[PDB]
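**Q** Okay, here's what each chain looks like letter by letter:
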Amino acid sequence: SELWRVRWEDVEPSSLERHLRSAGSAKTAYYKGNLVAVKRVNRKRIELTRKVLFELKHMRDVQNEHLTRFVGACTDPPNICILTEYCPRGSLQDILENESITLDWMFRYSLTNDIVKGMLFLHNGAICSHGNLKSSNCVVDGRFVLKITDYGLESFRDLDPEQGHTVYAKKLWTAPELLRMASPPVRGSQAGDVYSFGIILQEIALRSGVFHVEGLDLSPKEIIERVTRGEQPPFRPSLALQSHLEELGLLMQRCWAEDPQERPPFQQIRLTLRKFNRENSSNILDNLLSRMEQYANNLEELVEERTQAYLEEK
Amino acid sequence: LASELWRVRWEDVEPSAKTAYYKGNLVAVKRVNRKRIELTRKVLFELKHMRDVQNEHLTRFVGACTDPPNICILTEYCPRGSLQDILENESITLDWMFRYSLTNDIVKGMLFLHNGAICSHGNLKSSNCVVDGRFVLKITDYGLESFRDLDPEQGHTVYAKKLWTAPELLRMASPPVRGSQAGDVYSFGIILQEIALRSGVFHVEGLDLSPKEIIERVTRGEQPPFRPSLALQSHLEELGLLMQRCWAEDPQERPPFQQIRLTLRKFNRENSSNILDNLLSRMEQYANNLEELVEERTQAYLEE
Ligand SMILES: Nc1ncnc2c1ncn2[C@@H]1O[C@H](COP(=O)(O)OP(=O)(O)OP(=O)(O)O)[C@@H](O)[C@H]1O
Ligand SMILES: Nc1ncnc2c1ncn2[C@@H]1O[C@H](COP(=O)(O)OP(=O)(O)OP(=O)(O)O)[C@@H](O)[C@H]1O
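So the protein lines, in turn, are chains S and V. Read in order, the letters of the first sequence are residues 505 to 529, 554 to 842 in UniProt numbering. Read in order, the letters of the second sequence are residues 503 to 518, 554 to 841 in UniProt numbering.
Bound-form chain S, shown alone:
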C-alpha cells in the first residue's frame, strides 16, 4: 500500500464560487485536510509498475517548504487526478495579472530567490526533473512561500498526441531544444529547467505579458515556428529599459543559449542572485513579515482608492 490512492467513495465534490483568483475584474476542493486541488488525467487505465509505485513514493518523499506536497492521485475506473494541496492567492501569472497590485522589484528579488532555492532541491534528489516549468505553474501561498506544481508525473501527464496547435499556444515556455525534435522526454533536461526559468524570469522581470518583442508581436503558431526554425541572429525579448537592471538581463541572456555548453548552472545563478541582492537581508522570517506587511499596505491603498472613487462617483 502506497497510501497515495484516495478512493472516490469518501472524498466529496466540495466546491464553491469563492475568490478563485482574488483579482479585480481551477477546481479547488477539500478532503479531511485543508483546501485540496485536482489535476485530472485522461488515462482510462494505468498499470503502475513498481517503478510507477516508486515514482509515487518519491513524489511523496520530498517534503519541502517550497513544494506543494501531493497526497493521493486517485485511480478511479471512471476518474483520475492528482490531489495536490491547494494554496489560495492565485498563481504568479495572476500575481501580476492584476495591474492593480503594486509589487516593486524587492518582492521580485525575493520571489526569484525563493524559486531558485526551491529548484535547487527540486532537481538533486527524489525527482530528476519535471520539464513543465512555467510562470503560471507555481502559485504563491498564504505567507508568500512560492511552491512548484504538477511535477514528477512519471505517467500522469497529457502524453497523448493532441491539439498540436494549442501545443504551440502553451509551448512557448520550453527550450528551443524541445521544439528541435519530435519527442522530447517528458522529464525535461536540466538544461530545459534552466532555460524555462529563463522564460519565467523574463515574465517576472518585465511587467508585460509573456515574451513580447519591441514593436513586434507574432502569434503563438508563427513565433513557435520561427523559434524552432532558428535564426543566426537568435530570437528573444529585450531584457528591459531600466538602466540599473542589466545584470538580470545578462543572467537571462546566459540562461537561454543556442547550445547547453554555457547554459549557466543554478549554483552560479544563485551566486549572481546573492551578488545582486546588495546585502538586502540576513534574516529568515523578517523577509516573510516584510512581504506580508507591504502586501497589506497595497491592499489598503487599493480598497481606499477604488471604494472612495466609485462611492463619490455615486
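Please note that a few of the clues may not be correct.
To be verified - Partner residues are not named here, just some residues of chain S that face chain V (Cβ under 8 Å, in silico):
hint, residue
1, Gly-670
2, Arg-671
3, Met-820
4, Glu-821
5, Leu-827
6, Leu-830
What the hints assert, rightly or not - Take a look, some chain V residues computed to stay more than 10 Å from chain S by CB distance:
hint, residue
7, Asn-562
8, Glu-627
9, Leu-631
10, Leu-687
11, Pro-704
12, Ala-733
13, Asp-745
14, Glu-774
15, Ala-785
No lab work stands behind these hints: they were computed from the structure. Where is the CB? At the ideal position from N, CA and C, for every residue including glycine.
Chain V with the ligands: place on chain S using the hints.
**A** Relative to chain S, chain V with the ligands alone:
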C-alpha cells in the same frame, strides 16, 4: 544629565492626527500647553528612563521640544489605526483568536511597564494604545509626569477626555497624574469590555447616558457595582467574570496584572499555538479579511 540624547531641539525636524518626520523617521508629535517649562532633575531622570527602556509590546520615545515657541513629545508613528479607532469602524472583520491575542499583548506590555524605572502608566485610556505594521500591540502616554497638560479649567470639555479614570482617582480630589495600580487594573478592565463588545466606552445595554451623566453615576457611590454589562452569552463567562473581578470599587481585591496573566493564560490554553510564528499568522487572517472586503465592495460598486 549631560548625555543630551533626548532633546533634538527641533532644529529642522521634518514636517509633513498631526504626523511629521525626523531624520527620515516618520514620527508623530503631540504638543503640551505649558509655556513655563525649565530644568528638572526629576524630569531629567524621567527622560533618562524613557530613553533607556524598550520591549517587544511597548513603544518608545524619540524627541522632546524644549523651545519656548513649541513644546511637544515626539514618538515613533505606527501605520495601522488606533485600537479603539480600528475596531470602531465595525467593518474590519475581527474575530475571537485575534481578539484574545490582541488582549494578551497589552497585558504583557503593562506588566513589564509596572515594575520598571517608572511605575504603571495611569492615563491608560483605552483609545491611546495603537498598532504597528506587523500588529505589535503598543502603548503611549509613557510616563512623562511633567509632560502632561495640567489645565483644570476645561470643565465639561474635561468630562469629554476623562471616562476610564478611576473613581477612587476621580472622587473630587486633586488627581495624581501617575495614577494608581488599581487605576491600571480599572483601565484594563474597561478596555477588555471595549474589546468584548466593540461599541465604544461604557456601552449601556438599553440606556442612554451623556458623559456628564456617566461621570455622575460613577460618583453616585451606588451600592450596586454598576458597570457596562458583560455581553450575555455562553461562549465564555470567564472573560466577563475577570472583568467583574477587576471592576469592583474596592481597590484591594482588584487582582494585579500577574494574576491577570494567570487568568488570560488559562483562557489561552485553547490555542497556545506559537510565539512569533503566530505573529505571522495574524496578518494572514487580517489580509484575508481585507481582500474579501475590497473585492466584494469593488464588484458591487462596479455593477453600480
Ligand atoms: N496550487 C494549485 N493547484 C492547482 N491549480 C492551481 C494552484 N494554484 C493555482 N492554480 C490554478 O491552476 C491553474 C492551472 O495551471 P496550468 O498551466 O498547469 O494549467 P492546468 O490546467 O493545471 O495545466 P495542467 O492541468 O496540465 O497542469 C493555474 O493557472 C491556476 O489558475
Ligand atoms: N504611535 C502614535 N503616536 C502618537 N499618536 C498616535 C499614534 N498612533 C495613532 N495616534 C493618534 O494620536 C491621537 C491622540 O489623540 P489625543 O492627543 O487627542 O489624545 P491623547 O492626548 O493622545 O490621549 P488622551 O486621549 O488620554 O488625551 C489619536 O487620535 C491617534 O489616532
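**Q** The hint names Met-820 (chain S) as touching chain V; please verify it with the least Cβ-Cβ distance against 8 Å.
**A** 5 Å, holds
**Q** Take a quick look at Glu-627 (chain V) and tell me if its Cβ sits farther than 10 Å from every Cβ on chain S, holds or violated.
**A** Answer for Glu-627 (chain V): holds, closest chain S Cβ roughly 15 Å.
**Q** Does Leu-687 (chain V) really sit off the interface, with its C-beta more than 10 Å from all C-beta atoms of chain S?
**A** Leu-687 (chain V) is indeed farther than 10 Å from all Cβ atoms of chain S, at 38 Å.
**Q** Report holds if the minimum CB distance from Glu-774 (chain V) to chain S is greater than 10 Å, and violated otherwise.
**A** 32 Å, holds
**Q** Can we keep the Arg-671 (chain S) interface hint, with Cβ of chain V closer than 8 Å?
**A** This hint holds: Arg-671 (chain S) lies near chain V, its Cβ roughly 6 Å from the closest one there, short of 8 Å.
**Q** Taking the least C-beta to C-beta distance, is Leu-830 (chain S) closer than 8 Å to chain V?
**A** Hint holds; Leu-830 (chain S) Cβ to chain V Cβ min 6 Å, cut 8 Å.
**Q** Beyond 10 Å from chain S, beta-carbon-wise, is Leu-631 (chain V)?
**A** Per Cβ check, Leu-631 (chain V) is outside 10 Å of chain S; nearest 15 Å; holds.
**Q** Measuring Cβ to Cβ, find out whether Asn-562 (chain V) lies farther than 10 Å from everything in chain S.
**A** 17 Å, holds
**Q** Beyond 10 Å from every Cβ of chain S: is that where the Cβ of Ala-785 (chain V) lies?
**A** Non-interface label on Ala-785 (chain V) holds, nearest chain S Cβ at 41 Å vs cutoff 10 Å.
**Q** Given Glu-821 (chain S) as an interface hint, is the shortest Cβ-Cβ distance to chain V below 8 Å?
**A** 5 Å, holds
**Q** For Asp-745 (chain V), which was marked as not at the interface, is the minimum beta-carbon distance to chain S over 10 Å?
**A** 31 Å, holds
**Q** Does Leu-827 (chain S) pass the interface hint, meaning its C-beta sits closer than 8 Å to a C-beta of chain V?
**A** 5 Å, holds
When the structure is compared with the earlier hints, no violation turns up for any of them.
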